[PDB]
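Coming up is one lone chain in structure tokens, specifically the form solved without its partner chain.
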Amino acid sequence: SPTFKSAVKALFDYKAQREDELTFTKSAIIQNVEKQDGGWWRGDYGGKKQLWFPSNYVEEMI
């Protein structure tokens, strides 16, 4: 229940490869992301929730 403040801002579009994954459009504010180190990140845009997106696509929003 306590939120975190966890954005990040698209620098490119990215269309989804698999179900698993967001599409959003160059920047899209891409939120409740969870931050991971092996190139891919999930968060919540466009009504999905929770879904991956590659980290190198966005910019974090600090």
Contents of the next structure:
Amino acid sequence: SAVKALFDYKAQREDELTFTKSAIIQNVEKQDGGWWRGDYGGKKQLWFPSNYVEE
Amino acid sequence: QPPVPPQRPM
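Would you mind generating the form deposited with its partner chain bound now that we have the form solved without its partner chain?
Entire complex below, previous chain first.
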């Protein structure tokens, strides 16, 4: 459900999260393809790279 | 040393 960022990530497209290292991303929906959806920073269920986070 | 995001297709 929640994950923690290992590195800063900056949204490159409208449908992506932006977060800083150590951030807690919530309500994570895992799927195939190396990107998951989650909640952070007022954005809901947007994409982020799964290799950016640990659980 | 940040990982490469798997590049997204159009």
